[PDB]
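*Asks:* The residues making up each chain are set out below.
Protein chains: 2
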Amino acid sequence: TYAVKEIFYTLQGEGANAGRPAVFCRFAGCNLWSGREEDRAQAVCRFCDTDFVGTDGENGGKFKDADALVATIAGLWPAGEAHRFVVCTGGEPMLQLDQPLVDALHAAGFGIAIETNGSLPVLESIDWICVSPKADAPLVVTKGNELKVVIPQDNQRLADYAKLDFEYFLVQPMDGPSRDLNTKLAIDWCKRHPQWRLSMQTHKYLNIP
Amino acid sequence: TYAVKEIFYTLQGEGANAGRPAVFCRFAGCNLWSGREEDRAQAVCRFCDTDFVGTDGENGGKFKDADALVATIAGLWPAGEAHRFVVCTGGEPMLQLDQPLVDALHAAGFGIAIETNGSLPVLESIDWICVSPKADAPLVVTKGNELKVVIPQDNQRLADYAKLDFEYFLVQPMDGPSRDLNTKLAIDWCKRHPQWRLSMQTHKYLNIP
Ligand SMILES: C[S@@+](CC[C@H](N)C(=O)[O-])C[C@H]1O[C@@H](n2cnc3c(N)ncnc32)[C@H](O)[C@@H]1O
Ligand SMILES: C[S@@+](CC[C@H](N)C(=O)[O-])C[C@H]1O[C@@H](n2cnc3c(N)ncnc32)[C@H](O)[C@@H]1O
Ligand SMILES: Nc1nc2c(c(=O)[nH]1)N[C@@H](C(=O)O)CN2
Ligand SMILES: Nc1nc2c(c(=O)[nH]1)N[C@@H](C(=O)O)CN2
Ligand code: SF4
Ligand code: SF4
Ligand SMILES: [Mn+2]
Ligand SMILES: [Mn+2]
Ligand SMILES: [Mn+2]
Ligand SMILES: [Mn+2]
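Just so you know, the protein sequences line up as chains A and B, in that order. Okay, so the first sequence: first residue is 2 according to the deposited numbering, each after it adds one. Okay, so the second sequence: first residue is 2 according to the deposited numbering, each after it adds one.
Rather than coming from a laboratory, the hints here were simulated on the basis of the structure. Honestly, I wouldn't trust all of these hints.
Copies of the same chain are indistinguishable here, so a pair counts whether it falls within one copy or spans any two.
[Unchecked claim] DSS-like, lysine-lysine: derived pairs with alpha carbons at most 30 Å apart: (1) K185 with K205; (2) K185 with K63; (3) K205 with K63; (4) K65 with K192; (5) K63 with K192; (6) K185 with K65; (7) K205 with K192; (8) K164 with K63; (9) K144 with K65.
Let the hints inform the model, and build the full structure from the sequences given.
*Replies:* Below, the structure written as structure tokens:
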């Protein structure tokens with residue numbers, strides 16, 4: 002049984018796959034923040050820009066089983082077109098994403114990517130694993146496809162992240178009152194340490210979902 | 002002997018390698034346009050956003066041999082740092098880029114990328130080949146790493162491009178009086194034909210070289 006905030010079709014705005022068309026499956030609930038504004042100031046993750054509370058969003062609800070969720074996802078894809086790609090996000094998707102859902106998606110010709118905070122173990126049958134480490138949470142996922150670190154955070158040990166087993170290392174400017182400031186920092190960080198790449202939140206520049 | 006407009010260190014703003022730190026070596030001169038505004042109206046490629054006329058730009062000039070150019074390129078890279086990466090562009094870089102320069106760059110630990118219009122045969126020892134087909138020009142390069150097509154151009158057979166031997170198929174909005182309009186078009190194209198991914202000129206949004 003799966004609780005989902007919203008499901009929509011658009012372009013991936015972040016990371017190495019930015020610009021790629023995908024269906025976004027936004028699971029509800031996160032392990033690092035309740036999602037209520039009253040708890041934000043005391044949460045483990047405090048900079049979230051997302052509403053993952055409830056199942057009242059576009060195409061969002063409580064789903065019977067795997068097949069029922071896949072039917073909604075596959076129905077948003079353009080008819081007759083291939084290159085099927087779903088991004089599982091939230092919220093923290095590893096609170097709900099299980100092997101039978103992964104298998105049902107693979108069966109429906111989808112490649113599966115995940116946006117996860119790294120605090121939970123992940124299914125390695127997932128095709129694209131994106132980890133965004135929170136500085137005050139434990140990091141148990143130390144291998145994957147891209148490590149997308151939102152900067153700046155306090156207690157952040159940025160250089161240590163580059164010793165982990167990932168293909169791509171990205172820093173992403175923290176959105177908020179200082180997005181312009183943080184963007185210049187991220188750019189500077191990459192030019193000083195070219196192992197890193199800049200991940201822009203392009204969907205906020207294109208004004209698309 | 003190489004005629005170079007400008008050499009500068011920044012982030013690659015376009016394509017699959019967007020956000021990646023790179024030295025740009027912008028070669029002077031193109032075969033699809035003289036470079037002067039008087040000729041733009043009757044040139045083969047008529048939408049260029051770049052100045053590639055002359056050798057007066059930053060770190061520009063005429064270079065005695067390959068070793069002199071490599072020295073200037075390597076001197077812009079952060080000291081004691083690896084992941085060396087140069088983007089050869091222009092201008093049409095395949096007018097001047099040859100095997101000695103390619104070998105000298107590799108010997109200096111640089112991975113080589115090229116931005117080329119596809120009208121001239123490329124050196125297949127180049128590590129990243131980006132081809133941007135011009136609709137009214139011949140296309141003699143039909144295999145490479147990424148195919149980055151600027152849309153809309155007239156006489157453009159867009160879907161035909163998808164059947165060429167490339168790894169990534171990107172559409173990039175034509176900048177000009179209709180950038181916002183062309184961006185809407187590009188997004189819509191990718192969502193209709195998800196084999197294609199969106200390529201933004203992110204450096205114009207970050208306001209960086
Ligand atoms: C909303 S999270 C959902 C997935 C999971 N909870 C995680 O943190 O990876 C999706 C992505 O957006 C990033 N993100 C969230 N709030 C952000 C902010 N204010 N600025 C920049 N990126 C942010 C997260 O770091 C993560 O990479
Ligand atoms: C200036 S060209 C130099 C390399 C080569 N002459 C070519 O056209 O690929 C660099 C890149 O910028 C793109 N470009 C040039 N003018 C543009 C414009 N007005 N809008 C968007 N992209 C543009 C080209 O298509 C190419 O991919
Ligand atoms: N288009 C788009 N891409 C995204 C986001 C988002 O809100 N929109 N936010 C992040 C997410 O929800 O995983 C990362 N990628
Ligand atoms: N940062 C940056 N990246 C670029 C461009 C440019 O002008 N700046 N223009 C294009 C180029 O000159 O190759 C593509 N990539
Ligand atoms: S872990 Fe991810 S989903 Fe949870 S609050 Fe932080 S950014 Fe938002
Ligand atoms: S081929 Fe490239 S460099 Fe030449 S005019 Fe066209 S966009 Fe500019
Ligand atoms: Mn988001
Ligand atoms: Mn909301
Ligand atoms: Mn340019
Ligand atoms: Mn100029």
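*Asks:* Decide, hint by hint, whether the structure agrees.
*Replies:* Here is how each hint holds up against the structure:
1. Proximity of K185 to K205 under the C-alpha cut-off of 30 Å is found in both arrangements, the shortest distances being 17 Å within a copy and 14 Å between copies.
2. Taking the closest pair of Cα atoms, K185 and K63 never come within 30 Å of each other, the shortest separation being 41 Å inside a single copy and 33 Å across copies.
3. In this homomeric assembly, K205 and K63 come within 30 Å of each other (Cα to Cα) only inside a single copy, at 28 Å, whereas the closest approach across copies is 42 Å.
4. In this assembly of identical chains, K65 and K192 lie within 30 Å of each other by CA distance solely across copies; the values are 28 Å between and 49 Å within a copy.
5. Proximity of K63 to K192 under the C-alpha cut-off of 30 Å is restricted to the inter-copy arrangement: shortest distance 27 Å between copies versus 45 Å within a copy.
6. In the homo-oligomer, the alpha carbons of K185 and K65 never lie at most 30 Å apart, since the shortest distance is 46 Å inside one protomer and 36 Å across protomers.
7. With identical chains, the CA atoms of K205 and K192 are at most 30 Å apart both within one copy (23 Å) and between copies (17 Å).
8. Taking CA atoms no more than 30 Å apart as the test, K164 paired with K63 passes in neither setting, with 40 Å inside one copy and 41 Å between copies.
9. For the identical chains of this complex, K144 and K65 are neighbours neither inside a copy (32 Å) nor across copies (46 Å), given an alpha-carbon limit of 30 Å.
Hint compliance for this structure: hints 2, 6, 8, 9 are broken, all remaining hints hold.
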